[PDB]
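Below sits a lone chain in structure tokens, taken as the form deposited without the partner chain.
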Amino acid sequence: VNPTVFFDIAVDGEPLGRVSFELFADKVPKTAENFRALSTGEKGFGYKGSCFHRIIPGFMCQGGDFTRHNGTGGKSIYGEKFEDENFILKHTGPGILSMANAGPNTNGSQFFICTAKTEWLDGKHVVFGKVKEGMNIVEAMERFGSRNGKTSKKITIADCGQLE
């Protein structure tokens, strides 16, 4: 019953591969629905064509700023930034999908994929999904990042949507 969504990743415009996600709608329905709807584009805006603007190897890949492309933008499907739904799920290792934010109850569209256990984020960022297939593609993405997060190649979501 939990939705599955996919991202088709490109690097400087060349296809890299697909990464799918299980979205934990049974535990965090409002947060999972936000990400699902942005991935299908069914509200008229969303992730398709956006970039991963901050990649720090051994740490995480951050994306979802489809409005300013640099970490300062993005917006939810709810017309404003929304609340931290709960912190039931923890940052337990690589593949965890979590919401970026600018402090309590400031969720928009930005998210990150963990590439290591990041337990210091527990209780600060809402975990809402996990990579299902294509962890190897996130590992290939990670190699284009750097210590300060700048990417050495443009990493874009060439296509995205809902699976099954």
Contents of the next structure:
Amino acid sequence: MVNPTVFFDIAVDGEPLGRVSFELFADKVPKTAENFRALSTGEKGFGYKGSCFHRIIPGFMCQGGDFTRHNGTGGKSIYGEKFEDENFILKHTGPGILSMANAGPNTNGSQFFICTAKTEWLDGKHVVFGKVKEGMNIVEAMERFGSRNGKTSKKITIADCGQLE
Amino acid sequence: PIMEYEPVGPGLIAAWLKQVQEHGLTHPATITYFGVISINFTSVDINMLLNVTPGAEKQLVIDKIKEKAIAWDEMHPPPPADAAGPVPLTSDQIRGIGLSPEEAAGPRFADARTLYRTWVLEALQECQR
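Having seen the form deposited without the partner chain, could you now give me the structure of the form deposited with the partner chain bound?
Now the complete complex, all chains and molecules, led by this one.
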């Protein structure tokens, strides 16, 4: 089987910024990949569409996926509120890496982050499951709207999202 | 020291103390010596050397490292109560505090211990009279 590709169409204060697509590493982390894929299509009846990136830290990462509480305290997976860390085969090797946000071991929900740097201290703590394919320049533009503590200076939202091909 | 981790040996500890005693902690030659011996050091290893150094300039060097850690943490604040991580690299991690010697030699802290060696070299240079 081929690794799925999904897309986010990102907006800044409601204005279209551009598309970011991701390869999901279903070959290495099928359960984690499937969660993100399904949340991106909205086929379960809930998911990423309309949600925001609530925490963007220049030189670190862009975090989103909290579609229930919109502030880092919420989100849920397609397997229940939380699921286990699938494995830590893949590492945070640099910009573009897509990884699961969490609040400790086995607390994966829907929140995710896109690295804008190598974040090796997170290896073995957060499950890496994909990488940016197209639109890294869009991620860089998003990153510039963040701050040291993550608060964004513009509303950064997922205006639309889905699966490609 | 990383090679497979091995603890700092008594031989090198004794040699470091001799260097500090005979020339001073912030003498250019001592700083150069620290620079060379710490190349393969974890942050825990670096702290071993700092900690065995007899208790004026020592306090000043420690204070300068403290100041660098404060400035780092201000620029890298952790997420608020109740909010999911990832947590940014924090200064106590960079300093290796609470890391097992083995843990400190692992891949998660490669860039961290490199930065720490730089903080200490800078602190030593900044306190040179």
